[PDB]
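Take a look at this one chain, the form deposited in one PDB entry, written out in structure tokens.
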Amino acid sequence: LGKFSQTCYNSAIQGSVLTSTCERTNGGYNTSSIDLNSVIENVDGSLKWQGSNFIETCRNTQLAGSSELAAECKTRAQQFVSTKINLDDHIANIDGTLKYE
């Protein structure tokens, strides 16, 4: 996966945003940016790639009561355990629309 740097140049980081000028298949170049805030996290002072979608390592997702997400998730030891999270923690009703905050 990845390896952009092999076919790009003039890469720069400002805040969480990477910008680079990258070679297109047909020759010629394009400049683009990617915001890394959604995919990199700080874990106890170390930059980590954010977990892969929880759907890939959890199964049997259900609404428990009015606001809890329940699932069976794989531990690092590769066994499934019961877990839940209160979606009221961060999911709001903003004028009729569900929004993360």
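Residues that one form lacks are left out of the comparison. Here the rigid core means the biggest group of C-alpha atoms that line up within 1.5 Å when the two forms are laid on top of each other. Numbering follows the first chain given and starts at 1. Compared with the form deposited in another entry:
- Residue 34: CA moves less than 2 Å between these two forms after rigid-core fitting.
- Taking the rigid core as fixed, one finds a CA shift for residue 53 of 2 Å or more between these two forms.
- Once the rigid core is used as the reference frame, the Cα position of residue 78 differs between these two forms by 2 Å or more.
- Listed alone, the one run of 3 or more residues present in both forms whose C-alphas shift by at least 2 angstroms between these two forms, with the core superposed, is 51-101.
To complete the pair, please output the form deposited in another entry; the form deposited in one PDB entry was given just before.
No partners, no molecules, just the chain.
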């Protein structure tokens, strides 16, 4: 899925719009743009793709009271991620001995 970058050139973003010059099927080139506002969204600070997943990922739906939809929904897949923390923030040398402060 996707992978435009493998056959497009001079790609650029300006505001919400992606522009690039892409190889046509039969050897030519074409410059075109796509407005990302219609395909990505900001959820609490993090960009994600827009789509539907409610049927795919939720279960045991109920109506509570007059208008509350309640359900059980599956959280994101687990992965390993690289992380770091600076030990100098809280680890001190206290007369020759390492101590948290």
